Amino acid sequence: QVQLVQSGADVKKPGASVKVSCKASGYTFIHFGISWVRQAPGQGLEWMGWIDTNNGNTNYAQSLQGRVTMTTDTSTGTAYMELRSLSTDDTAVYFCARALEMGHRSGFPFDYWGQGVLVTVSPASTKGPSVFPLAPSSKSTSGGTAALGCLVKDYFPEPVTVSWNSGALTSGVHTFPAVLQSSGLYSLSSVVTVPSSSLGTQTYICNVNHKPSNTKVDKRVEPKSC
Amino acid sequence: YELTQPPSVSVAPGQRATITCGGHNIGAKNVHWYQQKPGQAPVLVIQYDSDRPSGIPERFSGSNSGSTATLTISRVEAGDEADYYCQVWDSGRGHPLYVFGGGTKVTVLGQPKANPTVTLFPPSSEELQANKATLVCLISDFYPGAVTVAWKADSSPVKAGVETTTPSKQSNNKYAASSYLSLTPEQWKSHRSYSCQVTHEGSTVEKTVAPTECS
Ligand SMILES: [Cl-]
Ligand SMILES: [Cl-]
Ligand SMILES: [Cl-]
Ligand SMILES: [Cl-]
Ligand SMILES: [Cl-]
Ligand SMILES: [Cl-]
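Same order as they appear, the protein sequences are chains H and L.
The first sequence runs 1 to 52, 52A, 53 to 82, 82A to 82C, 83 to 222 under the deposited numbering.
Under the deposited numbering, the residue at position 85 of the second sequence is numbered 86, and the numbers go up by one with no gaps.
Source of the hints: derived by calculation from the structure; they are not laboratory data.
Here a beta-carbon is modelled for each residue, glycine too, at the ideal position from N, C-alpha and C.
Hints are not guaranteed to be accurate.
[Said to hold, decoys possible] Below are the DSSO-like pairs computed for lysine-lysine, each with C-alpha atoms no more than 30 Å apart in a straight line: (1) 135/H to 30/L; (2) 135/H to 38/L; (3) 208/L to 207/H; (4) 135/H to 133/L.
[Claimed, not checked] Sample of chain L residues at the chain H side, in silico, Cβ under 10 Å: (5) 6; (6) 9; (7) 11; (8) 43; (9) 47; (10) 51; (11) 58; (12) 61; (13) 91; (14) 97; (15) 98; (16) 99; (17) 122; (18) 124; (19) 141; (20) 179.
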């Protein structure tokens, strides 16, 4: 069976370069080209370029002109993609894919793919979060339910974990995946839905843990003074 | 060359899924189709408009004519839930290229429809006092797990400063997603209101907050 095996990804600073590898096996390496395709988190597939493993032809996407270079090493059956002058816009999963030929009169489909590797571009050093309360509505004066939460802002790297009331509150909790801002810093939120009649009696504390910075925050979330 | 796909399709098991890919005279091109499940690389399911690679089930078919190419999954099965992408090659006036469509999220229905709950938090007093401001729009308890989020200042759409997460499952097996609008304190207090509008399965729910009102 055809296999394409990728490595070389890392966290990179803006301005740096990355070189991703794609090691092929199970077919005649020099008789199929290799395309490179990237996918920003939550977004679509974008073609970067293609290299002919037999003759060295390289065709690059116009939007990457000048800052991508593709090479191969026939002796090891490996293709490489170097991307220079990285910015936070380049955070993406990078795939290689087998594509027989691409030329002025042909463009074969991508019939086998590497697993994909994540390149994260950020200027940030390790940074603990700033935690702000997401207070329940001032209108939840009576019965029913009320949402409240914690906003966990501007940390690096992943991950953050959140509990409520030291793990005593689990029903109705959801901690969301993080967003990655153009600053290269992550943020997320955690929410819990509680009886609105508890808002004056029960304390609510979010327990935020960011192990990379050895930070723990216990943030009290109270109704608003207005 | 531009390829246009619908963002999402919902289909019941045993019914026909239709995924379109629009382009100018796309019927003069060959279209290839890919299937991608979470955390995985894409898989080629149709090549050259209508040809099934070896190993692709016969319920996948394709056609291409005029300005629309179509991937059809007949008698769709639960395991066919995935994102689907079309792709073409173009000679590029002497600089050849490939292009992908934006992708279509195909949900194969496996639980009851659930309309989203939307909760919009204004900037906290604490955050404002730190000279920052974040509107936090939390979207919960919905299915299918596909939404579009749109932000407004007063009545005017806002695109800059927005980050949105891809829906993922809650403890109760419904989906939730989150969206954020980052603003300066000055921007926050200089408009009458801000809104988060969530589109789900053809209809919309909007929540509004105001800097002068205790939400
Ligand atoms: Cl290597
Ligand atoms: Cl593309
Ligand atoms: Cl749609
Ligand atoms: Cl795969
Ligand atoms: Cl395969
Ligand atoms: Cl069948």
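Using 10 Å as the Cβ threshold, decide whether residue 141/L counts as touching chain H.
Where the cut-off is 10 Å and the nearest Cβ of chain H is about 7 Å from residue 141/L, the hint holds.
At a threshold of 10 Å, is the proposed contact between residue 99/L and chain H supported by beta-carbon distances?
4 Å, holds
Agreement of hint residue 51/L with chain H interface, Cβ distance less than 10 Å:
Not OK, violated: residue 51/L not within 10 Å of chain H, min 13 Å.
Take the shortest C-beta to C-beta distance between residue 124/L and chain H; is it under 10 Å?
8 Å, holds
When the nearest CB of chain H is found for residue 61/L, is that gap smaller than 10 Å?
Violated, because the Cβ-Cβ distance from residue 61/L to chain H comes to roughly 14 Å (cut-off 10 Å).
Verify the interface restraint on residue 97/L: the C-beta must sit less than 10 Å from at least one C-beta of chain H.
6 Å, holds
Hint check: 10 Å Cβ-Cβ cutoff, residue 6/L to chain H:
For residue 6/L, the interface hint holds, since the closest Cβ of chain H sits about 9 Å away, which is under 10 Å.
Using the nearest Cβ pair, does residue 98/L come within less than 10 Å of chain H?
7 Å, holds
Pairwise hint evaluation, residue 133/L against residue 135/H, where the allowed Cα distance is 30 Å at most:
25 Å, holds
Need the status of pair residue 135/H, residue 38/L: alpha-carbon distance at most 30 Å?
42 Å, violated
Does the closest beta carbon of chain H sit nearer than 10 Å to the beta carbon of residue 58/L?
17 Å, violated
Holds or violated: residue 179/L as interface residue toward chain H, Cβ cutoff 10 Å?
At 4 Å from the nearest chain H Cβ, residue 179/L passes the 10 Å test, so the hint holds.
Hint check: violations occur at hints 1, 2, 3, 6, 7, 10, 11 and 12; the rest are consistent with the structure.
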